[PDB]
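Consider the single chain below, provided in structure tokens and representing the form deposited with ligand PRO bound.
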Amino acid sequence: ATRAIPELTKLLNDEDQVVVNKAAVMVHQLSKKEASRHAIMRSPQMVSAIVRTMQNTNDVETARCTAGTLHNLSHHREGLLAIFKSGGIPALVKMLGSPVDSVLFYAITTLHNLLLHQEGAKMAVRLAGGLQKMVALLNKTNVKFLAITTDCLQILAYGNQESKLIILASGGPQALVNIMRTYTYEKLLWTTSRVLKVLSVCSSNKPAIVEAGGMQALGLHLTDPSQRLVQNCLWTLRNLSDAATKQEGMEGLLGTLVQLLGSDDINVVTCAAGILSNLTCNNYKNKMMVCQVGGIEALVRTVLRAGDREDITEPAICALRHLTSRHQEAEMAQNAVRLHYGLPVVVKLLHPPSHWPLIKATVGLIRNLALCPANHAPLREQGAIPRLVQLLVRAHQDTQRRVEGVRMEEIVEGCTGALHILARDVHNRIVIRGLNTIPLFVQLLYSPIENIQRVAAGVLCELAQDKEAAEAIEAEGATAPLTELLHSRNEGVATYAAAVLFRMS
């Protein structure tokens, strides 16, 4: 009464144009109602007749109806199983080379459903050469079509390094960036930013996205009302920012990031801090710009607000470290940290339950802050010296014993470096000396690491300008290691070594 399936299957399996043509229309109509659709599926003979004729037909009207049938079947989880087993995936991929627009939509949407809720559909699309076809079709201009196409690429690229490389080889990066700076349809931009996000953790795709103009193209959508689009852009930008220290025209992006620091959302702030840290690292220009738009003030605020969330402070402290040295306004930034009540919270971050990455970052910042004479006293009063010395004592004793992320040598250099700058102040020199550090500093002259030698000879040089300290350095037998260091290939090491041997007369 309601199931005349075997009759229609035989009619689709005919060596005639108009017979196959007319039957495909009537089958397409049965899939439109959510009751007779269950009859088309669960019948393997019927679904195979469709897959065959769709891949074989030469009429325009027939290719649309057959493809729409599978599209209608793919909405139900038991339809996807029929299309997969019927061998529809290899046919639909060949159908991506179709000249007519309307059919492509049906083909791509069906493959999209298969990729989402059918086991093994990802593999089968890859092997049928679906990737190359999907990338090459990124030059189309229908926004709904492109949204499904980019999502297909995201599903196929996610957690699959081989696919990311093929997308790269087929000029994927450039095409996806182009979408970001042209189209403004939210759903397309979202799925497109999700593809780029997946691609951005690939070490070969990453530079390609950067070189195509990805950083800026992603920066365009950060003030956009859509939150899921903004977040995905941020995530991608973070992955990319370590390979972006050369890119120019960054002013707009840098300004927007400083503003995004004031956001209520942790994910937004975390990313903003991270991207800034990476872009301010060793790039002279970005350091200047970020300071000009109130980067210090926003970052201190960020750290103060963040508390003990190390995901926020670690990149924010790193950015602060970058901004407090080696640019025209570095002194200004050093003062600004103090003037925005940042010094106490900075010193606090040297104490537990802080982990090693944050401590390394915090130490390097204090080193920079201590370059400004007006920071000498407050850093002393907050207790930076005794804590730095404790990190130094413990890290050194870990080097002798024959842990997480960073090596203790980096901590040894960091603290001694920090103390070398602090020892510029006479009152700091007293505190440093009173903590029995002279013995440790002398032993540090024996270090194979030249950077440790330099900061060790540096702090000792600073301390040796006082008579009482000079005697202690001599008493610890520093003469022998210092005279060795007079001949170092490192001029800094040799200069300080001379200055200490000078003062011990």
Given for the second form:
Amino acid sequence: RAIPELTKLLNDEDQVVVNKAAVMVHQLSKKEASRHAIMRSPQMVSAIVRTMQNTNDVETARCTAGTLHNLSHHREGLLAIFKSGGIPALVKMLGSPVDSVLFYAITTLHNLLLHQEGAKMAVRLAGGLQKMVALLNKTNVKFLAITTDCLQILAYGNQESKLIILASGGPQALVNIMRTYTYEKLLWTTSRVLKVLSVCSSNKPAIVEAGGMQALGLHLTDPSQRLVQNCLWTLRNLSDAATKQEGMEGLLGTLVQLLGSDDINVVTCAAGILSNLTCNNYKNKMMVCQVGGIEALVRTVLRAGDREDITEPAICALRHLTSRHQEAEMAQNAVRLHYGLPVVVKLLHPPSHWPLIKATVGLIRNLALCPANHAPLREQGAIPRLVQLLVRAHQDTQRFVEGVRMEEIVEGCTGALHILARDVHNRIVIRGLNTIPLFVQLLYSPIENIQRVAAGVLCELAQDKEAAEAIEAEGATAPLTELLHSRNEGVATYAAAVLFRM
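Starting from the form deposited with ligand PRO bound shown above, please give the structure in the form deposited without ligand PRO.
Here we give the lone chain, stripped of any partners or molecules.
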């Protein structure tokens, strides 16, 4: 019965009379008995929402905000707070300089977001993200925990809400949370917000330049698995955009160590990050190589077996580390001394898919650059399998599988053979698989790289008299004559050589 009265009183002009009622009203909502009475009365909820909104008293706000907070623990409560436009008003309390009001506000908003349909869209219209992000400078970690979780529910599956967070300086703020705080629950909710934004094609660099890479890597060995995993997935999504950032040295040592974790998923993520973090970046290549990188990546392939989800990123990483940097030879070389060859060469066999076979053809290409690798690669049965894949690849291009064009395969294999043919023993085998007729036909490719390695393989081979007549007798002379004139010095250099030895 009191409800209809206070409702009246809250709509009074004498503000003194109003705050008086919000106090009482807020004392009635403590007991579920009187609480229901309130939820059940639209004039009571509106009343309150309108008072908290319009009020200018630092306690009428407290009590009004306090009241609808205690109303949001139940289903019928949330609807009443929603149907009376209470969200725009709660977003308005997010600017209060009074913590209580603030606290009561982010909690009620969190509740509506979690259970009230229409809440998410309402908070965005009311400009909730911008305000929420402004509140990331607060020093109360629990407040930050609920605030950050709000951003995660609003941003999830919403690029717009994502672009607004980003445009409000959000990234650099969450990233600073990861540098300063040790409260696991905060770190978690934040990490989850960074995770959702790292898939966005605008947020990534914002997160990378603010130092997100180094700050997600700070908690890689914290005890919390959920924290670790989230930090890893986020680091993986950011990795293709982090290839040129300095200071990755420590995150590199940690990632290596994690390959030896007990969680395949952790190992999988880590092999992913090392794979991307090693692309075209010499500083990173050497760091991986310095802290046990090769042996660890190699051990990862072995441990993984058929799991392409692991072998692939890991094999790509070995590929990156074995080229274009001062110690590429030291790497190429180290993969043998750590017993990698057996499992590498084995990966070209079934049931390996093309994505992996391609990447593995590249590692092999690179590993053959090292003379001490020729005999080993041969004795593991590389030439025969490299030779039949090329054949399957060549025939397709005459007969874009799995995202892998067969011409790239045609080039790599023939590329690896061009290199392996630097040994006399290897040469015998290559000839022995009647390949000369196939490389010759490879002279007629519209692609230069292909002509180069075909010419290239044929130059090595032709230094053997008989094999030289084999090529000549194959019709090589004609096409080579044209290749003689290419602008691609490589193709012309090798063009001119076969003819000479021929």
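Residue numbers count along the first chain shown, from 1. Definition used throughout: the rigid core is the maximal C-alpha set that superposes within 1.5 Å between two forms.
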**Request:** Kindly check if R394 and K246 were placed in the same rigid part between these two forms?
**Result:** yes
**Request:** Measure from C-alpha superpositions the angle of the smaller rigid part's turn against the larger one between these two forms and state it in degrees.
**Result:** 10
**Prompt:** Quick one: CA shift at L115 between these two forms, core fit, Å?
**Reply:** 2.2
**Message:** Could you tell me the distance the CA of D151 travels between these two forms after a rigid core superposition, in angstrom?
**Reply:** 1.2
